[PDB]
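Before any questions on binding or motion, here is one chain by itself as structure tokens, the form deposited without the partner chain.
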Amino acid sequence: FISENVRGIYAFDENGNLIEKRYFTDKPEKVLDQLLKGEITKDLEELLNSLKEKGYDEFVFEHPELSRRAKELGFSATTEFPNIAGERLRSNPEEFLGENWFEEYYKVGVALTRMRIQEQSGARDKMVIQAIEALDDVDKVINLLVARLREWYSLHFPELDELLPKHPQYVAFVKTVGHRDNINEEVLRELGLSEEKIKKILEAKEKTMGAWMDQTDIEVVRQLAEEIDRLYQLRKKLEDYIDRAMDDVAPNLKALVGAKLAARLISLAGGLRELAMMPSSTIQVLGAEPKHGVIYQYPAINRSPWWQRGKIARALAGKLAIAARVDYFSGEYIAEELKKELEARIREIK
């Protein structure tokens, strides 16, 4: 039924007969870079809406995350790979793209790859270290300002402090509802507060011993809230970068302990080189001294009792050593082997 190629999204019936194609309306790379991972794009949608108004209620994509996003969007769809659509589309490319079909596949293909791949650099590990440092710095400011926000807004609603101990909520409240007199039930609901808490709040609001604030007083505090909110976004951007850059810098390390923890190792070590030069023993206790061993945040370790931990940390540090080496020299992806081995030895420790 529904498949894609380097030019656009095509639709086929049950006999392999085209129904309605739909060429990409933005650069092919930009679009495919999403449709491939299962995300739905502008063009994919219109193609669907159009098939709907043509007596079609059944859809089948070649990617699950796609069909999943499809149904929750309104279209009941299944998932089959390779579906009749793609099988046709990949068997006879010229039938849909021309005689120079391969030169098109080559064009977009390359474009898409240059998009996805970062350009060479001699200091991206250094760049990852700064992002991790920035992330910590940003956490430090979020707390300093959120404290200020609580202390200040509590002059006007001291009770809200304890009822919204989760900062993101407290921040969204101040920013969204503003003056305590805008507290409805639908706004407190729109913030996603449990119907029970909405009661404790609305209730505490009527008995509130706080001072009066006028529009000017409230606006300045909302400015603060907005800024904490923009700081929460920056944080996400730093995480997002760390994640993307770690793919160029240390894909093996990322696959083993995740992009953030990996980035952290590199930072504690001073560079990917430095990390590669360390022995299992040093990686095992890297970043800690009560704090001990940053690699202990490893899910397999943490979920275990202190006496079962050390053994595992050893197995991990040994794998991290190999990963750090190959990441520093070639970048060749070997973490899957590394992971299998480590997963098997951890089952022994239990």
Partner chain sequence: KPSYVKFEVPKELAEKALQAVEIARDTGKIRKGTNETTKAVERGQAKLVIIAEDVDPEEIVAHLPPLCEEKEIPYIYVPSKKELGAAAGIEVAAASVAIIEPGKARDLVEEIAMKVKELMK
Contents of the next structure:
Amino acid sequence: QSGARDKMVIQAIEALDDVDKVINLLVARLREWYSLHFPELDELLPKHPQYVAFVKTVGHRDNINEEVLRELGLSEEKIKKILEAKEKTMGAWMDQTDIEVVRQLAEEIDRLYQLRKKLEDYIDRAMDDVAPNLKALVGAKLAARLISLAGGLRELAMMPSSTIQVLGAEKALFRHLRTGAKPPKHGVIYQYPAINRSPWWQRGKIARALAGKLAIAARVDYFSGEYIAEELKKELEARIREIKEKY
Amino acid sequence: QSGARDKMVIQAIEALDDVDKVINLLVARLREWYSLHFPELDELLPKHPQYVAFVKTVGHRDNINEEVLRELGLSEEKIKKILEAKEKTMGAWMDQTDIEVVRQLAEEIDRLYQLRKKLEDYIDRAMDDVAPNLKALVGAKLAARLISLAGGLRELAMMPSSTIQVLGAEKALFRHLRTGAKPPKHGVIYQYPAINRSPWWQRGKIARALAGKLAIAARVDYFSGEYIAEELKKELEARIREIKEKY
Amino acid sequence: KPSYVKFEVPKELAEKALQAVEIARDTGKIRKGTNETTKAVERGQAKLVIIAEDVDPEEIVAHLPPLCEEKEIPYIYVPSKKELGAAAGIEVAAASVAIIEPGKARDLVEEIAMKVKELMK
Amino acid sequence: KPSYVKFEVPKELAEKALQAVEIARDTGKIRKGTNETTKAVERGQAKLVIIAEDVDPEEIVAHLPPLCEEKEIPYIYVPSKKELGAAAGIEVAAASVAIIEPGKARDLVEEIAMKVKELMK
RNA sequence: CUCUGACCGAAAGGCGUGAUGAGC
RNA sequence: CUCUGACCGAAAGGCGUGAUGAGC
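Got the form deposited without the partner chain; any chance of the form solved in complex with the partner chain too?
Below is the whole assembly, all chains and molecules, this chain first.
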């Protein structure tokens, strides 16, 4: 049992979100900065992982040609058009010293994407030793945010379903609770596919159903280690299609 | 001349601040997380590079021994501590998989520290081409903040000294300009040692002395590349003793 | 008797419990069902909580005993989750109930808790 | 004549500058000193600006010509910063001076701008 | 300091192991 | 959209290449 493993899982999911923040931050800098040398590449490569991968392995404009752009694995339209904008760009010239420091920034953002993947692998595997039922229902990541929002597995296992349904809506909840404003129907559980994409008019009842099952899965994970997730998912599948039915 | 190198120094100095933002964020996370395995190291290694270097090269409590701690290069009372706190700790146990992912985070932050020193040296060497005088008076880092706040060397070289004394105080200045409230006596130049460490009653006068000299230093860097910073650094020493003399 | 049943409840005590629930329903106030019951315990609004002993999965009511020890609320088992439910005035069953205000039952509540105070210790 | 002197001011014109500043001081409003002058230019409050040609370093006033061509304000050179200083009514020197409102000197201002429009083109 | 609480469905049935209402 | 603007010093002196006053 141990019993601190849920705390480390929490740390890791929070870590994942923290890592996400810095990637978004460094990438932005990377784009603003390499744009002094090559302004157009920005709109061409809206996908960060691709933009960072470019700067890192290509660098200065002089190094591009047809060759290196395929080994980068970008499509054929994308290549000739970036290849075109180059030979023709209005960007400032960079020295070898100048481009090297921005290539070092890219190299680091790449290390980070790998770190991000490492964390996401850890959470996914650790989640099988911590709350298998939660994983089965909502996915590894979502179950971690739930544990995380509640403060731990035990703290989750103690909550009424109605608290679970609103975890991660804390602002909305406390607003309602004070001024009698209309309550949130969902917190983080909105991510759950069946909720996030469904007629807006059945989203509330699905959240209510899912939270009920999440409460039972959490109590079992914590107090037994018994595996009921299959019944649970099926009984949930049942109740959703039944909701889907009449509306 | 080129003429875009001043925009590159700007990105670099903004980047240097971002890297600092992320290092903090991730180091705060490193400590919360590793503290689940080893609570007591937190206070014992208040200095970040030291905590990171530890988690990264030591890891699990089972590896701590008189040997590896000296090779990590920390003092004698420290290492007599950490050896009691360690075997007697109340922190949770960690498997191999659990500690491997937290050490990955600490290998990352380290890359980040090396990236920060790379930026710090790139600014320092770049400043020597871009604004040698500005660098001499205030140091490369501060000189880059000035250029950054101004919007570029040219913009900064078009300014009155009164603007330069307040660069970085943008809100307090506007608020003084709108309502009529007392003006800021300094912006970023507040870091100049002779300002922030001097009797509070002389700070405005040293600010206004330094702003004076920076405006002249920026005009020379931009319009000539002539090098006057020795006299400028003396006339300023004089004026600062002359200021200290009476107070 | 599933592990979450921490002590043995005399066939008698069980019978008063169910009728403490019944008159507390008409002359008093109760919250039927595990979520509402749990809510009641955390708000210290619970005089007593009845836990059925046939719950499936049994882990559903497994958080009540410790949560009750923490707020120092007395709790008793009854044999049937369907019986419990009819006692509270509902067509279906109920895995737990809490009495908020005992109404005309305060006598019964008191003595359930005294006879309970022993079985624990 | 240092590179920031972009045209050759006839010994006469210079002398009409110094007494335009002189009378615009008493009968009008001027700004003495390079930081006030530059402030007066960016605010379009400069009618004319006079710039000494003996400034050391010469880069202290080197931003005044470009900045003046963007706001269109006419500028002219006088040979001495001490002279310019006195003409402005101060004991020390002045690297540049701007007349805000000419006062009883506007006549001189206009013709300085006219003769100067030429030395540019 | 952490929503509501018995109805829903044309019926078959669903529903306190949570109906209904509800601002991630 | 980006402070103030001729004083300060017991004097020697400093000071529009910025005195004084002023909420990084």
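Numbering follows the first chain given and starts at 1. Take the two forms, find the largest set of C-alpha atoms that superpose within 1.5 Å, and that set is the rigid core.
- Core superposition places the C-alpha of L320 0.3 Å apart between these two forms.
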